[PDB]
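Listed below are the residues making up each chain.
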Amino acid sequence: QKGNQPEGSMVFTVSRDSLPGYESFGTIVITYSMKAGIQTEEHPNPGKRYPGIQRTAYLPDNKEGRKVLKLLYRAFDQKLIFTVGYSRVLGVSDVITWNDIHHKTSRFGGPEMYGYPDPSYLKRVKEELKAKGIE
Amino acid sequence: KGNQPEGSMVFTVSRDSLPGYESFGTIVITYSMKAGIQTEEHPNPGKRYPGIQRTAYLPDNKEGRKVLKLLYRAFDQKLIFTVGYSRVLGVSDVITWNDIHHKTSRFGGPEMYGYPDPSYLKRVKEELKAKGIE
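From first to last, the protein sequence lines stand for chains E and G. Position 90 of the first sequence, counting from 1, maps to 695 under the UniProt record's numbering, and the rest follow consecutively. Position 69 of the second sequence, counting from 1, maps to 675 under the UniProt record's numbering, and the rest follow consecutively.
Derived from the structure by calculation, the hints contain no laboratory data. Any given hint might turn out to be false.
Unchecked claim - Partner residues aside, some chain G positions facing chain E, computed with beta carbon under 10 angstroms:
#, residue
1, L674
2, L695
3, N704
4, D705
5, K709
Unchecked claim - A few chain E residues facing chain G, derived, Cβ under 10 angstroms:
#, residue
6, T636
7, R660
8, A662
9, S692
10, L727
11, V730
Unchecked claim - Beyond 10 angstroms from chain G on every Cβ pair, some chain E residues (computed):
#, residue
12, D622
13, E646
14, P649
15, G657
16, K684
17, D705
18, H707
19, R712
20, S725
21, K731
22, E732
23, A736
24, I739
C-beta atoms are modelled at their ideal positions from N, C-alpha and C, and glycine is treated no differently.
Hey, can you work out the whole structure from these sequences and the hints?
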């Protein structure tokens with residue numbers, strides 16, 4: 606239902622250029638700009654500061670991509686796109702992290718590079734949103 | 607020449623404007639950097655670092671396009687990123703910027719690494735000149 610995402614903003618814009626696998630369409634560019642803050646009782650280490658982050662994600666500008674954009678706005682409103690805590694790979698804590706809804710942060714390079722082509726990505730991200738009760 | 611990890615730099619444009627640069631579009635630069643193993647040119651040779659993805663923004667005006675061309679040269683000369691200490695993460699052994707500052711937000715001004723910031727394009731050109739890209 607409702608998460609512990611930091612304060613911040615979500616905006617988007619579009620480019621006429623295409624993503625691999627979606628050559629008939631332009632590209633949605635989502636920018637998240639999240640503020641530095643102090644962990645609340647809603648976070649794993651209350652009282653400890655965390656820095657802000659900035660992240661950009663990409664979607665094809667087609668009916669399905671715009672539906673996912675709408676669902677991501679819903680998740681952002683429900684404070685579910687990001688959380689604060691441990692970041693698995695580096696094993697650092699007290700940082701802003703993603704929250705199990707994967708975003709393509711590269712245009713190209715396929716899944717190895719968190720980019721396109723990735724023909725099942727839109728289906729996968731919808732599954733991840735549904736797991737948060739967002740459909 | 608620097609010691610930037612393997613990776614790619616691409617750009618595209620949006621018709622929407624950045625604060626302070628009304629009636630020009632927005633250049634969107636995407637950097638896609640591969641995980642790797644530190645070389646002898648890095649601070650901890652032999653240690654692995656994970657890949658990163660970063661997007662940066664510039665106004666699509668004359669000055670912004672000049673900066674884009676210079677950033678392409680810097681990327682070609684392996685100077686945009688390095689591997690080392692990140693104060694944000696509080697660790698080293700990660701892919702970091704290399705003292706060529708990028709705006710990773712559209713909005714929110716300097717505190718958010720975004721626009722408006724009337725002195726940014728001058729600053730980034732100076733930082734490029736410091737690496738001999740001019």
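Structure-based check of all given hints:
Here the hint on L674/G is broken, as its CB sits about 14 angstroms from the closest CB of chain E, past 10 angstroms. Interface hint status for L695/G: upheld, as the beta-carbon distance to the closest one in chain E is roughly 5 angstroms, under 10 angstroms. With its C-beta approaching chain E no nearer than about 18 angstroms, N704/G sits outside the 10 angstroms limit, and its interface hint is violated. Taking 10 angstroms as the C-beta cut-off, the interface hint given for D705/G is violated, the closest approach to chain E being about 18 angstroms.
Using the Cβ-Cβ criterion of 10 angstroms, the hint placing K709/G at the interface with chain E is satisfied: the shortest such distance is roughly 9 angstroms. The beta carbon of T636/E comes within 5 angstroms of a beta carbon in chain G, closer than 10 angstroms, and the hint placing it at the interface holds. At a threshold of 10 angstroms, the smallest CB-CB gap from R660/E to chain G is about 8 angstroms, leaving the interface hint in force. The beta carbon of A662/E is positioned within 10 angstroms of a beta carbon in chain G (closest approach about 9 angstroms), and the interface hint is therefore held.
Below 10 angstroms, beta-carbon pairs count as interface contacts, and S692/E has one with chain G at about 8 angstroms; its hint therefore holds. A cut of 10 angstroms between beta carbons decides the hint on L727/E: the least distance to chain G is about 19 angstroms, and the hint is violated. Hint status for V730/E relative to chain G: violated, with the closest Cβ pair at about 16 angstroms, above 10 angstroms. At the 10 angstroms boundary, the C-beta of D622/E falls inside the reach of chain G, the nearest C-beta of that chain being 4 angstroms off.
Taking the minimum C-beta to C-beta distance to chain G, about 23 angstroms, the non-interface status of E646/E holds against the 10 angstroms cut. Every CB of chain G is more than 10 angstroms from the CB of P649/E (nearest about 16 angstroms), matching its label as outside the interface. Some Cβ of chain G comes within 10 angstroms of the Cβ of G657/E; the nearest lies about 7 angstroms off, and the non-interface call is violated. The non-interface label for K684/E is consistent with chain G: the shortest C-beta to C-beta separation is roughly 19 angstroms, beyond 10 angstroms.
The beta carbon of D705/E sits about 18 angstroms from the closest Cβ of chain G, which is more than 10 angstroms, so the claim that it is off the interface holds. The Cβ of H707/E sits about 12 angstroms from the closest Cβ of chain G, beyond the 10 angstroms cut-off, so the non-interface label holds. For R712/E, the shortest C-beta to C-beta distance to chain G comes to about 5 angstroms, within the 10 angstroms cut-off, and the non-interface label is violated. For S725/E, the requirement that its beta carbon stay farther than 10 angstroms from each beta carbon of chain G is met, with the minimum near 20 angstroms.
No beta-carbon of chain G is positioned within 10 angstroms of the beta-carbon of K731/E; the least distance is around 22 angstroms. Even its closest Cβ contact with chain G, about 22 angstroms, leaves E732/E beyond 10 angstroms, as expected for a residue assigned away from the interface. No beta-carbon of chain G is positioned within 10 angstroms of the beta-carbon of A736/E; the least distance is around 24 angstroms. Listed as a non-interface residue, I739/E keeps its Cβ farther than 10 angstroms from every Cβ of chain G; the least gap is roughly 24 angstroms.
When held up to the earlier numbered hints, the structure conflicts with 1, 3, 4, 10, 11, 12, 15, 19 and fits the remainder.
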